Amino acid sequence: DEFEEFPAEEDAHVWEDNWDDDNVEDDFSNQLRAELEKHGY
Amino acid sequence: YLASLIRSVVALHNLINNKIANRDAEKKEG
Amino acid sequence: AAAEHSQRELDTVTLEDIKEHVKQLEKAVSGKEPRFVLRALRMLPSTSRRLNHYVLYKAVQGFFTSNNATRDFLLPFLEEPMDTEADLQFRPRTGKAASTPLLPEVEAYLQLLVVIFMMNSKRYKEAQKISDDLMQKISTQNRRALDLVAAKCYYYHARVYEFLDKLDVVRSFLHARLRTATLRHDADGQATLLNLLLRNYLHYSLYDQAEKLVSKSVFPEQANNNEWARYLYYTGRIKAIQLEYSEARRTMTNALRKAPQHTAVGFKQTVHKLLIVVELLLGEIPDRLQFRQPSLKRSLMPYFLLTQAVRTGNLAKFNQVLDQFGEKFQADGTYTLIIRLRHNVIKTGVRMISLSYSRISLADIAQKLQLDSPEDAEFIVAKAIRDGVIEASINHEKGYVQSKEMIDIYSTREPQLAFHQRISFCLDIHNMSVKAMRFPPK
Amino acid sequence: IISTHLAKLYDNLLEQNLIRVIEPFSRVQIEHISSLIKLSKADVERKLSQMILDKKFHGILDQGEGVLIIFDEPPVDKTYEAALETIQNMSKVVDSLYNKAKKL
Amino acid sequence: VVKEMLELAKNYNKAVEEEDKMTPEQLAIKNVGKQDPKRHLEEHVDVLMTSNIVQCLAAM
Amino acid sequence: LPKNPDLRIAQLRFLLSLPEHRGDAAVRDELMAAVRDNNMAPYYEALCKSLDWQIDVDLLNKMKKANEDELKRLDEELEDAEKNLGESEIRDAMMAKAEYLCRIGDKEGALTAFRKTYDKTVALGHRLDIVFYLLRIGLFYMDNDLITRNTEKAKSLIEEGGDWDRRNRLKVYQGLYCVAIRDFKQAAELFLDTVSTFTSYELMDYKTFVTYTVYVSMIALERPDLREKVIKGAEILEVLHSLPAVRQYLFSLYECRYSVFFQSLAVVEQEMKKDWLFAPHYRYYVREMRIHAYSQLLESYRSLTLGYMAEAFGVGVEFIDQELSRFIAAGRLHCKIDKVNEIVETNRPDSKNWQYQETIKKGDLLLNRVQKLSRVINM
Numbered sequence: 017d018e019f020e021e022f023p024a025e034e035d036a037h038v039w040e041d042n043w044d045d046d047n048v049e050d051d052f053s054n055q056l057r058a059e060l061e062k063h064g065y
Numbered sequence: 261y262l263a264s265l266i267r268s269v270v271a272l273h274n275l276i277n278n279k280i281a282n283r284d285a286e287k288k289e290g
Numbered sequence: 058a059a060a061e062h063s064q065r066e067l068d069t070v071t072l073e074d075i076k077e078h079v080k081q082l083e084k085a086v087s088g089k090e091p092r093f094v095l096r097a098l099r100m101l102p103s104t105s106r107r108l109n110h111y112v113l114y115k116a117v118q119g120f121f122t123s124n125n126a127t128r129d130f131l132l133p134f135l136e137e138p139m140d141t142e143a144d145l146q147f148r149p150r151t152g153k154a155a156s157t158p159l160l161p162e163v164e165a166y167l168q169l170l171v172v173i174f175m176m177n178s179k180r181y182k183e184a185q186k187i188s189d190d191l192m193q194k195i196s197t198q199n200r201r202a203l204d205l206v207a208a209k210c211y212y213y214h215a216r217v218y219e220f221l222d223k224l225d226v227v228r229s230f231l232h233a234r235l236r237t238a239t240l241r242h243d244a245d246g247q248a249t250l251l252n253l254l255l256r257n258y259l260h261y262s263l264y265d266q267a268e269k270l271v272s273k274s275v276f277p278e279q280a281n282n283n284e285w286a287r288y289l290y291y292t293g294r295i296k297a298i299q300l301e302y303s304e305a306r307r308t309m310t311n312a313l314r315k316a317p318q319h320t321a322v323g324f325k326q327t328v329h330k331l332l333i334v335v336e337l338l339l340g341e342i343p344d345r346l347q348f349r350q351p352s353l354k355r356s357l358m359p360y361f362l363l364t365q366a367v368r369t370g371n372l373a374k375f376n377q378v379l380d381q382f383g384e385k386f387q388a389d390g391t392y393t394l395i396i397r398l399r400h401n402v403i404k405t406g407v408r409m410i411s412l413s414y415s416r417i418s419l420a421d422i423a424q425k426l427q428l429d430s431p432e433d434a435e436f437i438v439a440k441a442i443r444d445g446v447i448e449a450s451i452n453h454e455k456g457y458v459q460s461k462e463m464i465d466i467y468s469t470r471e472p473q474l475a476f477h478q479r480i481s482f483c484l485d486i487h488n489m490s491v492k493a494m495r496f497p498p499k
Numbered sequence: 318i319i320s321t322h323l324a325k326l327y328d329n330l331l332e333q334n335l336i337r338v339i340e341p342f343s344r345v346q347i348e349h350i351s352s353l354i355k356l357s358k359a360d361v362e363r364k365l366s367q368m369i370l371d372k373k374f375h376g377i378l379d380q381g382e383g384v385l386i387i388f389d390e391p392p393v394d395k396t397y398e399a400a401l402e403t404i405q406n407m408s409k410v411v412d413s414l415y416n417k418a419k420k421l
Numbered sequence: 244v245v246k247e248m249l250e251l252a253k254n255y256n257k258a259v260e261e262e263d264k265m266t267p268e269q270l271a272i273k274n275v276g277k278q279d280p281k282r283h284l285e286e287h288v289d290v291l292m293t294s295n296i297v298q299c300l301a302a303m
Numbered sequence: 011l012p013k014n015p016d017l018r019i020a021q022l023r024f025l026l027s028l029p030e031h032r033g034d035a036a037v038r039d040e041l042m043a044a045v046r047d048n049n050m051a052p053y054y055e056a057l058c059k060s061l062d063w064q065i066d067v068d069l070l071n072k073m074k075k076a077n078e079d080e081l082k083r084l085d086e087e088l089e090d091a092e093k094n095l096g097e098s099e100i101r102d103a104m105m106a107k108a109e110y111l112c113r114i115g116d117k118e119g120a121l122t123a124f125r126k127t128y129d130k131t132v133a134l135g136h137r138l139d140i141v142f143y144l145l146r147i148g149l150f151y152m153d154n155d156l157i158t159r160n161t162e163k164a165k166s167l168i169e170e171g172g173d174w175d176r177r178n179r180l181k182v183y184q185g186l187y188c189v190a191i192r193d194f195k196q197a198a199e200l201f202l203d204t205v206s207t208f209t210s211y212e213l214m215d216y217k218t219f220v221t222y223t224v225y226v227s228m229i230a231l232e233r234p235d236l237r238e239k240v241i242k243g244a245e246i247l248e249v250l251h252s253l254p255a256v257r258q259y260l261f262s263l264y265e266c267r268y269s270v271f272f273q274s275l276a277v278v279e280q281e282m283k284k285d286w287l288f289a290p291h292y293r294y295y296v297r298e299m300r301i302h303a304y305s306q307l308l309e310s311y312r313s314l315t316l317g318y319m320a321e322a323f324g325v326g327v328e329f330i331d332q333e334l335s336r337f338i339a340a341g342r343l344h345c346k347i348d349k350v351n352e353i354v355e356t357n358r359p360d361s362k363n364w365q366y367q368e369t370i371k372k373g374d375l376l377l378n379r380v381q382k383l384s385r386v387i388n389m
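Protein chains in written order, with the authors' numbering: chain e, 17 to 25, 34 to 65; chain Z, 261 to 290; chain V, 58 to 499; chain X, 318 to 421; chain c, 244 to 303; chain Y, 11 to 389.
Simulated from the structure, these hints should not be mistaken for laboratory data. Wrong hints could be hidden among the right ones.
Unchecked claim - SDA-like mimics (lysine to any residue), calculated; alpha carbons at most 20 Å apart, straight line:
#, chain 1, residue 1, chain 2, residue 2
1, c, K281, Z, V270
2, Y, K163, Y, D153
3, X, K420, c, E268
4, Y, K362, X, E402
5, X, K420, Z, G290
6, X, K364, X, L378
7, Y, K372, V, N311
8, V, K374, e, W43
9, Y, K283, Y, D34
As the list claims (entries may be wrong) - If you want a taste of the chain V side facing chain Y, the calculated C-beta under 8 Å gives, among others:
#, residue
10, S418
11, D465
12, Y467
13, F482
Backbone N, C-alpha and C fix where the C-beta goes; we use that ideal spot for every residue, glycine too.
I would like the entire structure built from these sequences, with the hints used as guidance.
Laid out in structure tokens, this is it:
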């Protein structure tokens, strides 16, 4: 029962990706280095 | 709830079997 | 020609199919069981395609052919081939059967087939008149077995006028048809008529009248799953536009669940888009599997960007998202909801804070939600505690948001309620299954 | 060889002593248990955390004030495991009926 | 009863998913031994549900 | 098996394709030496066009002429075998032609030649070798469809009949592909199965294989299986004795030394960024490892102050608060933060409550299925 009444209107990734992957932030190494530097003094 | 689910599944299977039997009998009629 | 002979063979097989369907309709009227008419209508969508001029020409030459007005009405609108060599006289009714008038259900089915062919041929005007004639002659009939084919023809008539880009000359007439179907106790016909009326209102933005109709009219429970899905989508749009966000989300999730497996791509696209918008408004970030699907990916890409902007909380990202695809959202009929999201974004952040923290300080929550001052945070948090988004209790004496302590749900009564609902559903399913049982007459 | 085996023996002895000293208590504070075992607070805390994380003596620590709570570990209610397995079986039976009913 | 019904549901799964069509009318008659399909099936469902419903109603 | 195509070449190409290392010199020299020794003219041209390098006219012409005359010799040998020698000789000649085609980097020509050889090859072992060669080509180029289809074909060939060595090699190949697809559970399973008898030295040396196995096992295996299969595993421990960094990283999680664990995790994230296979998934690996460490720490506690856990992780209170909030929002950690008192409370569901939730979910799914079936059949 094709609902023709409603019109029927790169990233070839095979792995499922959750939302957290999209979030943009400095690499973990930079974060850890900065935190250790700031807690070193 | 588990017993009710089992009963519903059994009833649905019996209904499917009866429907297929009726359809087969009708088809073999002609 | 090879292609011509292949087309002739496909036409002959389609003629055999229509003969089988007409025989099923006659057997249904004899036994007064919709099952057969339901199967005929089920096969109808498949036959709607793969039909050419000679197909319907031969169908009308064989069926009907009583010199009735139908042959002088559709035939002038559909061309006629030459003297086909394979002049197989497709006459299921022979002698006395031919003399007897065509069964109202079978004649209605043939008229529906010709109307569908006219639709596929873009003969909007001719299909207009043929549909009026068939609808008028089916209006006089009162056999119950005719009601299902009547609902199918009603839907196709509404579709033909929808392609007529008018969809208003039909409003009153479909209202009357739906009311008469309700009086007659018909289920499928009234279902399709209610769905089509809701669709017309949604097209022409008459939301208030649609809500009144849905509130007053009652949809039969024993309706088609596809019809139920369409009605659920329409009611979901009505509720979402009307600020009943939770009900809209539930209804549209149900409609998506009841969609025809993999049969209607566009309905799934629209349901997913509106559900994404409504869920974003309600404070929930939608699942990524929808956006990752193959058929819905390109359609929902702008909604994927919108969800990204909402979750990240970047109002600027939301503005640029609207700038690029704002007209697309408008053409999709969701621009107003997108603006509501633009001004309600803070709800998602408040909900995330409620999920994460339990005794967050007001100053710290204001800092996290990039609010200007803690008092604004207090106002927003109380508004959220109403909005069904949070379950906290502000303690203004020391200005910290104390989320309600979680309790063992199992030791409470809610599990009993859930089990009661599920057990009632299971018992009802068993009762329905054993109720019909289709036991043949010995 | 001596170092590794003596370290393992020390671990076993600490485990046995800690288990022995928590039997009467139900919400013993970490300082008292450390004093009873004659060990640093941090060492006893780490050993208790490792023991809990490894399905050893049942309980949960709370560093907010410091105690070693011990409970009786409700069994599991095998009835629910059986019910879930039966639900899975009936779901696959419904799938089979889906395979059937294709013939109308 | 629930554990034995889980085993019986495994057996019912095996019997139905097989659905051997080599004269199925004959198959249903060549495997009649008061077994998995329904006899040791919903019989146990009835036992469980009767006992539980009666006990709960008495408790309330 | 033959080293061709050399996956080190693909790794170097990806490393150069990385933004930071695009200008690296030593990798440049290594890749140029490999190209010159192997005489990959099509690969050289593709790499030059992709990386916008300056094509060496003399070197390019020399490589092209060498490839041309080698191909002419191979074609002459094929014609001689066809005219005079039997089917086995022609099959081996076409196999050599395909091998050299893969040598220079011609993906399409090499694939077509290998397909023809497979069509003309009857021996099951030679068909398996051809499938392995095509799988190696796919890994070198990262063609998902080619690798999937060829893995299915290799599985079918092994099922029909296959020696144990081919099964082990195919297990390692599936593990590598799974690591490249981010299905880390299957990667850990396969690599732990094959670590005892690693015989596929063409893809990667044993040290790299053990490092990958440790990484994927820790991202996938839980604590009991991790202890039983990785911590106490003789092969993995023996290999790790030569890799102090990987050994420290693996033992940090098991021994509960969280600061060293985070240092090693930062090092591992940096290493995977450069790796050609873990590069697409390095962020996910680091995030999941951090989540696993947080959950492991919280398993033994019910309410631990943010200060104590920040000290344990060698990080500030603010960073741990933000990360815990982010992970809680995603429904990964079972805890709720209390900022005013700075106490994290674990809300791990009771066995009864989790069982009730699971039964509710599964029963809802089954009831939806049953309702759909009833609607479909009842008409």
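Quiz item: Are X:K420 and Z:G290 close enough, with their CA atoms no more than 20 Å apart?
Solution: Distance of about 18 Å is within 20 Å: holds.
Quiz item: Can the hint on V:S418 be confirmed by a CB-to-CB distance to chain Y that is less than 8 Å?
Solution: The hint holds - V:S418 has a Cβ within 8 Å of chain Y, the shortest such distance being about 5 Å.
Quiz item: Is the straight-line distance between the alpha-carbon of Y:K362 and that of X:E402 20 Å or less?
Solution: 16 Å, holds
Exercise. Classify the hint on V:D465 as holds or violated, based on whether any CB of chain Y lies nearer than 8 Å to its CB.
Key: 7 Å, holds
Quiz prompt | Evaluation of the interface hint that places V:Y467 against chain Y, nearest CB under 8 Å | solution = 5 Å, holds
Exercise. Grab the minimum C-beta distance from V:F482 to chain Y and call the hint holds if it beats 8 Å, violated otherwise.
Key: 6 Å, holds
Quiz item: Going straight from one Cα to the other, do V:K374 and e:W43 come out at no more than 20 Å?
Solution: With Cα atoms ~16 Å apart, V:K374 and e:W43 stay inside 20 Å; holds.
Quiz item: Regarding the pair X:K420 and c:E268, is the alpha-carbon distance no greater than 20 Å?
Solution: 16 Å, holds
Quiz item: Taken at face value, is the distance from the CA of X:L378 to the CA of X:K364 at most 20 Å?
Solution: 11 Å, holds
Quiz item: Is c:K281 within 20 Å of Z:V270, Cα to Cα?
Solution: Answer holds: c:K281 to Z:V270 is near 8 Å, not above 20 Å.
Exercise. For the pair we were handed, Y:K163 and Y:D153, check the Cα-Cα distance against 20 Å.
Key: 15 Å, holds
Quiz item: Keeping to a limit of 20 Å between CA atoms, is the pair of Y:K372 and V:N311 held or broken?
Solution: 17 Å, holds
The structure shown violates none of the earlier numbered hints.
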